[PDB]
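**Q** Below are the chains, spelled out letter by letter.
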Amino acid sequence: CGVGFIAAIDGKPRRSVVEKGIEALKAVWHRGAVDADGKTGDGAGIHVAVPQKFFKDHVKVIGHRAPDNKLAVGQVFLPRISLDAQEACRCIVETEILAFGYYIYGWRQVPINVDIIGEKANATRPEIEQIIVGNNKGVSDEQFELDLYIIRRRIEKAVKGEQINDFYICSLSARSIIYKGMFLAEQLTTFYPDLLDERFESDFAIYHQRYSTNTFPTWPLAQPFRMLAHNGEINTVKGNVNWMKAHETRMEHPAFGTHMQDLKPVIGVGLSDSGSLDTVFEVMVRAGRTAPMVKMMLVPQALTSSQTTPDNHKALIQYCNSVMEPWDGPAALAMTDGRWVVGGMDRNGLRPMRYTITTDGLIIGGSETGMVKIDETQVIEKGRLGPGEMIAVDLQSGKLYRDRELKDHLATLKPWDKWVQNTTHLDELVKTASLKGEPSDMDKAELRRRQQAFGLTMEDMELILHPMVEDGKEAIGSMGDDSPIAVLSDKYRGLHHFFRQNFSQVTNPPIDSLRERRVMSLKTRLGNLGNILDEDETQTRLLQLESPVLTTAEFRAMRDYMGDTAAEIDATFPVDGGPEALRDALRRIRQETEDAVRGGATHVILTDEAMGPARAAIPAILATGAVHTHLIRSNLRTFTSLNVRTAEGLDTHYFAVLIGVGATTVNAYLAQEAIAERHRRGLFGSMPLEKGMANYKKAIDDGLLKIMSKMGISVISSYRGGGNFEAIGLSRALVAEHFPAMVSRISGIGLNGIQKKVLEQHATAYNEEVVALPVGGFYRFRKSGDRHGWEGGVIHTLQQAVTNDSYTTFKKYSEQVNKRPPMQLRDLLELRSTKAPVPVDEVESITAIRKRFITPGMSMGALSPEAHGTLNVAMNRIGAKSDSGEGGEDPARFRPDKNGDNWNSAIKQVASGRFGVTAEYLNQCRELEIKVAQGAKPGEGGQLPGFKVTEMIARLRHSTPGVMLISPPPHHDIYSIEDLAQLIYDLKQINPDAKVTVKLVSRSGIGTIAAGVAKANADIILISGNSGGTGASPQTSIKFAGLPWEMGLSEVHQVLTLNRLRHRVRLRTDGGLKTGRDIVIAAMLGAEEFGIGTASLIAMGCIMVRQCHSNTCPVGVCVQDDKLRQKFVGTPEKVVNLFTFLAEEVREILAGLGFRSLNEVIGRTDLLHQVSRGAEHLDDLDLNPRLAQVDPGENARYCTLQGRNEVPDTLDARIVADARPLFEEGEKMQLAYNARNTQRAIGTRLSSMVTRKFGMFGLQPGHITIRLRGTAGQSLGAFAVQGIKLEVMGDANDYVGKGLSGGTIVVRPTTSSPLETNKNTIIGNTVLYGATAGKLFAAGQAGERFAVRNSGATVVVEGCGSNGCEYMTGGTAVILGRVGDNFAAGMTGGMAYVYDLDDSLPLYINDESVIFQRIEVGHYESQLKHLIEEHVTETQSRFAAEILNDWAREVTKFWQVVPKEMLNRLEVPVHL
Amino acid sequence: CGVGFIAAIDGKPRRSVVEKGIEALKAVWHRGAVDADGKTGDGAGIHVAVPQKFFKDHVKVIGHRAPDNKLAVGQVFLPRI
Ligand SMILES: Cc1cc2nc3c(=O)[nH]c(=O)nc-3n(C[C@H](O)[C@H](O)[C@H](O)COP(=O)(O)O)c2cc1C
Ligand code: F3S
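Residue numbers (PDB author numbering), protein chains in the order written: chain B, 1 to 1472; chain E, 1 to 81.
No false leads were mixed into what you were given.
In silico BS3-like pairs for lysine-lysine, Cα to Cα no more than 25 Å straight-line:
#1 B:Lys835 x E:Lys60
#2 B:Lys757 x B:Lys783
#3 B:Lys819 x B:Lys1074
#4 B:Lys120 x E:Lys39
#5 B:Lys819 x E:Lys60
#6 B:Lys1453 x B:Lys1425
#7 B:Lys851 x B:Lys1074
#8 B:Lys473 x B:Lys691
#9 B:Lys881 x B:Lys931
Distance windows between CB atoms, simulated:
#10 E:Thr40 x B:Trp29: 37 to 45 Å
#11 E:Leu78 x B:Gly398: 50 to 58 Å
#12 B:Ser489 x E:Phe54: 32 to 40 Å
#13 E:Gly38 x B:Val1216: 52 to 60 Å
#14 B:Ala772 x E:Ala72: 47 to 55 Å
To be clear, the hints were calculated from the coordinates, so they are not data collected in a lab. Heads up, the beta-carbon is just placed ideally off N, CA and C, and yes, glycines get one too.
Produce the entire structure from the sequences given, and follow the hints as far as they go.
**A** Following this line, the structure appears as C-alpha cells:
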C-alpha cells in the first residue's frame, strides 16, 4: 500500500530514475496483505516514459524504417479464453485507428513469466499485447495526443457496443507507458523482464501498490492510471457522478470539435472512484488546462476567513469552488501531465507524503521517507505536504515549484479578483428589503389543524423544539431506541423515518467537527451550473447564500430577487381522487415541471401551501425526489434550481434528507409559526423573536454539519443530491424509480400504503373536531402513545423472577415478552425442524452454554463504581468474560479480593480517546477489543458531562476535574485499512497472549469491510445493532442511525463464507437480546457468542428512567453522587441467576428442536421460515436476502483454529535474545543495531517483558539503551515504559511514541549531515498519541496533529505543522519554530511555549479555550531553561544551543499558552 | 448426447411421465464424454409442466391466499460473486 514518484529536476532522461523506482517498489512489502501462498498479490504498477530507442530498434529489426518523429505505443488486454474475441478486438482497433490516417507498424507480444502468479490471479489473466502506431501526417505533438485520446475513447465505445467482455486499454499515447498487474510488489521486474533492459531510461516515474478488501482480483483495476495515481479512498462518488450526469449536457470545447459527441457519457460503467476521478481529470486536462490548475479545480484548498494568505489565493479558491463541486475524501495524489509532474494532498491532509531533494537534481517523494537508499551527504532539503498543499516539477523548462511559489505563479494567469466581484449576496438584499409587507399571523385553530394533519405531538414541541430556541443546541437522550421500526408500527410515522443515515467504518475516517469547523462550508449558489470547460467572467455571476436553510423573511427577499423568472408548482392531491390519486399527482407535477422548465424558467418553487380540507399534501421528500430525478433524466437539471416549502420540517433529520435528495434550499414556515405562537404566550422569558430565530437557525446548521460529518464530507455542494441514506421498508420499485441511488435489501410498502396512511391522518385531522394535540409517546412511554419494547410489567416481572430465584416466574416473563404483535425483524421468522425431539437431559450442560455469554463494555464515567465492580465480579464467577469499556480501570482492582471475588475484567477496550490506555492496562487482560463505532451513536464519540467528572474519574483518566470530556469521532490512528493492520500488529506485539476484537455497526456494505478486516489478522468480529443503549447521545443519532443486526450479521456471514475466510474468525452479536428464542435465532444466523447489556442493568435495579445524563438516577446505577450511590441495591447473584435462566431456556428450545449442541445449529439457515402478519396489512417484506444459504463445502461453519493468528517478528526478537543479563541479573545494558523502514514497532515486545518483570516504574531512567542508525519504521517505541532509552540517528516515519508510557526517545540527524536542523522534517504525523509519561526530544519539525491527546508526556521539538496540540490534556510542549492554523484547538489542560520570531502567533492560534501571553514569572522561566538545557544535552542541537547562549534577549520572544479551565487550579499563578 | 420426449396421449397429468423421464435420463451415460474426474459434465436438462399444487401449497404456507387461476413461475440465474 503506497504511492511514490521520482523526477529529474533538470529534465534529462536517464536509467537512474527507473532503477530507483524499481528499488522503491521492492520495499513496500510490509504494508501489503501477506498471504499463506506467497504468490497472490492484489495489484501493483509503474508508469514511466516511452523508451523511443527500444521500439525504434525493434522496428528496424523487423524491416521497416525508423521515423523521424516520436512513436506511439498502446498496451492492450485482450481476452484469453477465446480466439474470436481476440480477432474481433484486433479488427475493431485496426479499423478504428486507420480511420484517421495514421500508419500502423505492427503488434508485439510482451514477454511474461507466469511462474510467479498464484491461482486465483491466474484464472482471470488477460492476454497482454502492444500496438505500435507511427505518425506520418507530420502533425504536432498536441494534435497527435488529442487524436490518440479520441481514438481510445471511440475504440472503447465500439467494443462496448458489441458487449465484448474482458477488454481493456492500459495506455495509448506518445509520451508515457504503464506496466501494471496483479502480482506482488517485489516481483514486478520478474513478470515483466522488459524493464530489466538497458535502454529503458526516463525522466520521471510513478509507482503504486494497493490493498484491496476482497480476494477476487480483476486486472483492469490495478493502478497507476493514465495521468493519475491515488492513495487513500474517496468518500463522495455517488454524488459527484450524479452532478457529472448534469454537467455533461452543456459542456463543449472547440479543441475537440464534432468528435465531442462521442465523449458524452464520460464516466463509463465498471470503474472505481479512482477511475472516475481519473477520467474527469484526463478530460479536463486534454482541453487546455494544466495539471496544477485541474488539481486545484477538483480538490481545492480549505477557504478560511483568516488573514494568513494573500487575497490572490482567496480569489482563486473562490473561483475554483464556484465552478466545480469538490471531490472530498482522504487522497494523496501523484499525477502527471505531458509536461508537469504534481504531488498533492486533500483538504484535511490525512494520508502522509514526504519528499527529498538530492544534489543530483533528483526529487523523490512517497508515503515513507526510507524507501530509496540515499546517504545524507547527498541531501539538500527534506520536507512534507500539509493540508491542501502541492509540489510541482516542470520538465519542459526544468524547474521545481514548492507550495507558495506555485500558488503565486498560478494566481497570475487570469484576473481573478476582478472576476469574483460579480457575486451578489443576500444579507445585502434582505437589508435593502424594507420592513413592510409581512402578513398577519395564522389563527391558533388553523395552526393546530395543520399540525395535527402531519402527526405532531406536544412532546415534539416541549422536548426537541424548546431546547433549540432556548439554548442554541439540540436535545439529548441517554438510552437505546426500543421503538418499533417504521413499517411494523401502526401509528402515522412520517416518510422521513424510513431513511437511516450513513457513517464510515475503518475504510474512511469520520470528520471531527467541534474543532476543525474551519474546513466545513455550507455555501449555496443559485445560477451556478454551466459549461465547465470555459474561462470567462460570466461563470462567476450568480446568487450566493450562506446556508441552505432560509427563514420566511429571507425567503421573501430571495423570491423578490427571483421574481419574474420563477415558476411555482402545486404539491397537493385531491382526497377523493380514488385508489390511484397519489401516482396521478406525481405524474402531473413531474410533467408540469418539465413543461415549465423548457419554457424559460430558471427557478422551481415546490409548495404545499394550498393544503385544505379537500386536498391532502404530498410528502415533500417524495415530491422533490420525483422532480429532481425527472430533471436529471431529461437533461434539464443543469438549467434551474429547486426550492422547497414544507410544512412538516421540525427536526434536523428532515433537512438532511431533503438536501440529500436534491433540493437546493428548504423553507420551513410552520415551525416558525409555531415558534412565534409559543413566544407570544410568554414561554421563553425575555428574549426577542429575532434572537430565537437566530438560535434556531444556528442549531439547525450545527446539526446539519454533525450529520454531514458522520460520513466524511466537509462541503454541502458535494453532499447534495447524492443520496447518502438507506431506505429500510420501501418497495424496490419505488426507490429504484424515484430515488437516485439507495438500496432496499427488503422491499416494503408501495404507493398504496403511503396513500392510505396520508389519507387516514388527513381525515382524522380535518373531519374530526380537534381541540388539542395528543401528548404522544415516541421518546417516552405513554398509554395513548406508541408501543415500546421495555414496558412496566415486563421489567417488574423480570426483576421479581431474578430476585426470588425461581424459573417459572422467568418463563412467565418469557411468555409475556413473546406474545406482543411484531416489533422487530426477528419477530416474523419461525423455527421449524423435521427431526424428532430429544430429552432435556441429553443436551449440553448449563456451564458450556453460559460460557458463551458476555456483557458489553460500559464505561466508569457513565456507570457507578459499585455497579461496574458488581458486573465484573458476577461475570467472572461463572467463568464467562466481562468488559471494562472506555474510561480505563482501577489498577488497585488488579488482584483478587479476599473472598476470591476478583474485580478485574477479561476484556479491555482501546477507545478513540485513549483515556487510560497504558502499558500495564494492556498486559492485565486475556482478550482485547478495538471499538470503531458504537451501536447507539455510529460515527460519533462518547460524551461525559462537566459535572460527572469527579476527582476519582479525573485521576483515573488523567484529565481536569469539572470539565466536559467529548471523545474525538475519528481515531487519528486509523485512516485506512493499512493503518488498521498496523494497529493490530502493535496490539499483538504489546501483549503476546491476547486476541484482537473489532467492533462494527450493522449497515449495508459491511460485508466487504468484514472481508477486509479478516485479512488484517483480526480474529473476532463484533456486530452491534441500532437498538443499543448509551450513556449520553443526541436523540437524532439514537433514533435515526444504524440498522438492525439481523441484516449485518447475515451479510457478514455470507461474505465471509464466500471468500473462504469464515474458518478463521469468530462472530459475536449484541443489541436487543432478551430471551432464549432471540439467542437461538442469532445462533442460526451465524453468531457464536452473545452480548446482553441492558438486561443486566435491569437485573441489578435499573428501571429505565432514562435520566443517565442528569447524574440523578434514583436507584444509583449510572451515578457519581454519594447521596445516590448510597441507594444501590445490586448483587452478583441476581446477574448469575439471570444468565442461568437465559442459558437453560436455550437448552429447552434446543431439546425441543431436535439437537444436542449449539455447534449443530450454527449457520443452519434452512431451519427458519418467514410468515407475514396477514392479508390485512400487506407489507411486502421479503427476507429471502436474509435467508440465503451459501454452501461452505470443505470448511466448517465456525472457527476451527487454536489460539490467535501470530505475526512475523520485528527486530525486537533479536533484542530479547541479546538482553538476557537484564532479565536474569537485572543489570545495565547497551545495544546498537541498524534500523530500516521495513521494521515496525521497534522496542515494544521488550517493553512488554519489562512490564511483566519489574513494572512500569521499576527501573531507573536509562537502564537499557538502544542506538539505531537509519530511517526507522512506524510506531517506533510504541507503549514504552520507563527504563528504556531509544536513540535514532536519521528519522522516524509515523506514529513515533504512540502511547508513550514513561520511556524516553531521542531523534537527531547524523553528525555528517549538511542540513539546518530547524528547517527539515524529521518525524511524521500523529506523534505522541495518548501518551501518559516519558520524554521525547527531536531535532527537526513534526508533521500534522502533533501531540494530540497528550496526557503526561514532555516533548521538545524544533517545529510543528497544522492542528498541533489538538485536544491536549496534560504535560508540557516546547515548539522552537512556526505552527499552523487551528493550533491548540480543544486544549483543556497542560501548558505550551512557542518561540516567535515572525510575531505571527495570534494569526494561527485558536483563541477559543486557551489564553496566550508573555512569560512574567521566574518559576515558569526555570522550567523552560531546564527543558532547553536537557534538549541541548541530549540531541546536541545547534539552534537550541544558540538560543541558550542569548537567553536574556530571547526570553522575551516566547509566548505562553495556558487553557482557560486551568486559571483557578494553577498553584503558582501566571499573573502578578 | 441425446434428446427425448414422453407424452400422455389422453392429456391427463400424472407422476408416471416425470419418473419415466428421469429414468430415461439416467441411461445416456455411455454416449457422453467420460472424464477422469467423474463429476465434470457438459450440460443436461429437463423440461416439464408446472406443478400448480406444489407452489400453491408453498404460497399457502407462507401466509397468502391461493388464487383461483394458474400460477406463473420464473427461474432466474443471478450473479454469485
Ligand atoms: C450506560 C451504557 C454505557 C455504555 N458505554 C459504552 C462504552 O463505553 N463503550 C462502548 O463501546 N459501548 C458502550 N455501551 C453500549 C454497549 O457496549 C452495548 O453496545 C449495548 O449496551 C448493547 O445494547 P443492549 O443492552 O440492548 O443489548 C454502553 C451502553 C450503556 C447502556
Ligand atoms: S434509565 Fe438510567 S438513570 Fe438509572 S435507573 Fe436506569 S440506569
